[PDB]
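Student: Here is what each chain is made of, one letter per residue.
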Amino acid sequence: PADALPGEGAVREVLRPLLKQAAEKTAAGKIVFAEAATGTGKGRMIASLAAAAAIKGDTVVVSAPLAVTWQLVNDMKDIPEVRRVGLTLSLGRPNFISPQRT
Amino acid sequence: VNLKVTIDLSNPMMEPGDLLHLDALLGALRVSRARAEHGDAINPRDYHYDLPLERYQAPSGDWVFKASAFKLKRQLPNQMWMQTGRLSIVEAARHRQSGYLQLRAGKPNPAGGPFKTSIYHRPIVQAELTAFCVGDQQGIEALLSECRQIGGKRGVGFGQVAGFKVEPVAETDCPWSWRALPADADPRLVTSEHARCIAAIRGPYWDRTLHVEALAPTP
Amino acid sequence: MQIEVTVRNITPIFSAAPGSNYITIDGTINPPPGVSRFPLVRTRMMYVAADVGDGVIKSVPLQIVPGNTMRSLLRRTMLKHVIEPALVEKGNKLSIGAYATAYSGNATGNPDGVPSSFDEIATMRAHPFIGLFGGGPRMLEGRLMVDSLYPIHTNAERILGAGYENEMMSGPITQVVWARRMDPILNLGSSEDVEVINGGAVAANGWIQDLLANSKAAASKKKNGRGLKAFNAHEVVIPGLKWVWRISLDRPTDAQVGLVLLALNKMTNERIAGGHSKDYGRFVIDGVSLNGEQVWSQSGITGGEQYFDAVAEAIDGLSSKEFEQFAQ
Amino acid sequence: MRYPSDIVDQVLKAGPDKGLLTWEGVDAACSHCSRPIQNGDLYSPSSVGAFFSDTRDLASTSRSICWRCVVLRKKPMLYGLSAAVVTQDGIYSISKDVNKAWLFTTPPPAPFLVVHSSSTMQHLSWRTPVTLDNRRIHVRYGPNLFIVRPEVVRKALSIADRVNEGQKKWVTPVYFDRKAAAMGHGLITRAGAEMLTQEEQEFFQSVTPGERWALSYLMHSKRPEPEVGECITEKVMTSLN
DNA sequence: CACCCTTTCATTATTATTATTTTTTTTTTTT
Ligand SMILES: [Zn+2]
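Chains L, B, C and A are the protein sequences, given in the same order.
In terms of the entry's author numbering, the first sequence is numbered consecutively and its last residue is 105.
In terms of the entry's author numbering, the second sequence is numbered consecutively and its last residue is 220.
Count the third sequence with the entry's author numbering and you get residues 1 to 223, 239 to 343, in order.
In terms of the entry's author numbering, the fourth sequence is numbered consecutively and its last residue is 241.
FYI, nobody ran anything at the bench for these hints, they're computed from the structure.
It is possible that part of the hints are untrue.
Distance condition first, Cα-Cα at most 25 Å in a straight line; then the derived DSS-like pairs of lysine-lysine [stated by the list, open to error]: (1) B:117 to A:168; (2) A:74 to B:117; (3) C:58 to B:74; (4) B:74 to A:75.
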């Protein structure tokens with residue numbers, strides 16, 4: 004894996020091709036339709052795309068359901084590039100509770 | 002490399018009189034590429050042989066390109082297109098009065114001349130086009146990337162390429178021999194559907210001055 | 001470079017098709033023999049490939065305008081709107097064979113095959129008008145590829161491509177409009193309406209007995240002249256339909272694209288039909304996209320000012336000797 | 001045998017017109033024939049008025065007519081050759097359907113030139129290549145160049161006659177237009193789609209438009225049989241002289 | 001000779017023609 008993306012080594016070998024053209028055509032400014040099956044580890048490939056865009060200076064936003072959130076930040080903790088640029092989460096009013104009522 | 006090329010169409014195309022040869026398509030594509038990469042004032046005779054294909058030499062001269070003709074698999078029934086040509090007589094009359102037109106004749110002629118109305122009908126086929134050739138796949142892809150039309154470069158909208166695909170195949174599968182060949186070709190290369198005629202075997206297949214005594218297949 | 005013009009037709013679209021087409025009075029197209037039929041000239045339709053339905057390809061009808069009508073319409077609006085006022089503000093007088101080469105795609109400048117050097121091929125393909133189409137005895141390839149007017153329709157989804165799924169039509173798009181001609185002598189009321197006729201009552205009566213004798217003789221032959244009383248049919252494409260128009264230029268100059276843009280600026284007064292008496296083919300332009308970027312506005316074309324300056328200095332400098340040298 | 005202009009000497013006997021120029025300079029092809037006009041060969045400059053519609057089918061652009069197709073460009077050679085086969089022995093009119101049964105299906109001669117007029121009169125004999133072998137017939141019809149094979153047409157006739165066997169009324173398996181101008185030229189008929197199989201439909205659909213144009217004149221309600229032609233060679237010779 | 005009119009000739013012959021048949025769910029975690 005010479006000249007690999009950040010976090011590429013934890014992505015499976017089958018998803019490496021989708022990841023490379025997805026990063027390439029998002030580097031060109033196009034909206035990329037990338038399709039993979041359930042057990043092929045799309046979270047790791049998404050992490051690679053987010054890290055490789057984050058080292059360019061880009062403000063990267065990852066939109067996902069709240070069940071996918073924990074494994075997405077699980078794929079976003081140990082790579083050094085998102086450790087350098089930081090990772091945060093935006094949560095709404097239904098993520099919290101009223102203290103007085105509870 | 003002994004590869005094989007399909008083109009599928011987003012628009013119906015003119016059914017070719019005689020054979021659509023793949024090397025003719027690549028020659029026209031290389032002419033367009035040379036027009037982009039030099040400019041407009043060039044000789045198309047110079048660059049339409051600069052092709053990434055093999056060149057078969059018959060036993061006593063008469064060399065041809067190693068590229069078989071386009072075999073046609075009809076997705077659609079072979080319909081017909083009509084086109085007409087006529088100069089608008091009304092604008093000619095108003096330009097004749099306005100002085101912008103200098104026409105001594107006071108009457109047109111729809112059977113002949115500048116104001117001739119002409120009707121003509123050409124076959125139309127929507128098809129998968131499969132050819133067989135020996136050459137480099139990368140150069141054929143680089144040529145066919147510009148190939149927006151095939152069969153007719155009509156400028157009027159026909160033969161628009163939905164896509165193309167080149168794959169290598171084994172030797173015994175590929176019928177390269179299905180091509181216009183010289184009469185001195187090898188006995189293993191002459192088939193039953195080949196017959197002796199006047200045909201071009203190379204380059205501009207429309208140029209009747211280059212047409213030779215050839216053994217060629219029937220579309 | 002590509003120009004995609006999305007237009008809506010204000011009036012119906014009619015481009016007549018060849019063949020002998022017959023419709024009944026109810027609407028059945030091409031009846032079996034032994035029943036009363038009707039003359040019908042359908043609008044032009046091609047059988048195109050369809051991936052709708054199943055993954056296999058099926059042949060479906062698609063009702064279009066042919067691309068030749070598009071090419072001649074674009075050509076004629078450039079001549080009528082920018083080329084002719086420029087050439088008559090200078091005093092230029094074209095010749096037949098140069099007018100025939102500019103206005104039609106014909107080789108009557110010299111019917112002979114005129115040889116074309118590569119330098120003169122280059123200097124005529126870079127002309128703001130001439131290099132778009134070419135034509136004449138040179139028979140050189142024009143730079144303008146004008147496509148058919150395709151309606152945004154589900155039968156054309158292979159032709160249209162992805163992205164037109166929003167604002168898309170389906171189902172039938174042809175309506176068989178029935179037209180007729182009445183013998184207007186039968187419409188004549190009284191002496192005040194008939195006094196303009198030489199003969200008047202005598203001439204009107206004579207035509208009525210002539211038409212009566214011809215009709216009864218034709219009906220007796222059924223169990239070669241023809242009267243004025245006609246009633247026929249023609250399929251038109253429905254008005255208000257959205258259409259895409261693809262104009263792809265093979266290595267264009269700035270002035271050529273500017274000429275196409277100034278054609279689109281003034282083509283609202285043009286028509287696209289075989290219905291010029293009935294005002295068929297009136298359209299307004301809703302979108303013009305150059306290289307994927309939309310440029311049309313409500314007050315004409317806003318954008319491409321380099322093309323506009325190029326075409327202004329191109330149409331200013333032409334003196335029609337280049338048209339004559341293009342012909343012969 | 002090599003060129004269409006070889007019919008001017010091998011089949012009929014004709015000479016160059018008086019006043020034609022000999023060829024000078026480097027050798028160039030004819031504007032019409034495609035024959036290379038060598039030095040020592042007679043030629044004409046192109047002085048046509050603006051009624052010659054056939055600019056699209058000019059072989060070259062040397063602005064020169066070879067004398068043999070100066071002869072082919074005169075009017076009796078135009079209308080008298082409106083539908084004919086020009087073999088090495090004579091000129092046979094093929095306007096009868098029986099004659100096209102004779103030539104398209106099992107023709108005796110190998111080398112000839114087959115011309116048929118779509119319109120009333122067109123420049124036809126010089127722009128068509130010579131049929132060299134019978135297995136690949138080159139036909140001109142109007143502005144269209146056409147290819148016919150005898151064996152495939154014989155196979156088509158055998159298929160259509162066996163599927164039409166047992167029916168008193170002749171049913172057309174696949175429609176072909178005689179003018180080749182209707183859109184439905186080459187279309188399989190409904191009943192003919194039933195009484196042909198799918199491989200037979202693909203075979204009748206895959207043929208070149210020359211065989212479709214031949215089977216228009218050969219597959220219809222009454223069926224032609226192959227009989228030889230009336231020789232119009234003396235007829236067009238009397239027209240020419 | 002470039003610009004047109006208007007004359008002239010030609011042999012066989014037939015005609016078929018694509019168009020469609022849902023289910024009625026209650027998810028999700030925004031302001
Ligand atoms: Zn010749």
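Student: Would you mind marking each hint as holding or not holding in the structure?
Tutor: Status of the hints after comparison with the structure:
| no. | hint | verdict |
| --- | --- | --- |
| 1 | B:117 to A:168 | violated, 47 Å |
| 2 | A:74 to B:117 | holds, 21 Å |
| 3 | C:58 to B:74 | holds, 14 Å |
| 4 | B:74 to A:75 | violated, 43 Å |
Hints 1 and 4 from the list above are not met by this structure, while the remaining hints are.
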